[PDB]
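For reference, the structure discussed in these notes is given below.
What follows is part of the complex, with its chains left where they were.
By written order: A and B. Residues from 1 in each chain.
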């Protein structure tokens, strides 16, 4: 058999920004 | 040599979105 597999890779990049929040209420 | 290890997990959550729009007058 081969050498062992290498270690697990690192976490990926940050996710994308979220959407805008809800609109504010009417004045 | 062995193979590459498994892929890593997903990264951190993304940043929050921007504030929502102002409400109507």
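We take it that a contact is a pair of C-beta atoms (placed from the backbone, for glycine too) under 8 Å apart; a residue touches a chain by one contact, two chains touch by 3 or more.
Shown here are 2 copies of a single protein sequence; counted across the entire complex in this file, the number of copies is 3.
Here, only the chains that are shown with their structure count from here on.
Work out the mean CA point of chain A and of chain B, and you get 3 Å between them. Across the complex, chain A is touched by residues 1-25 of chain B.
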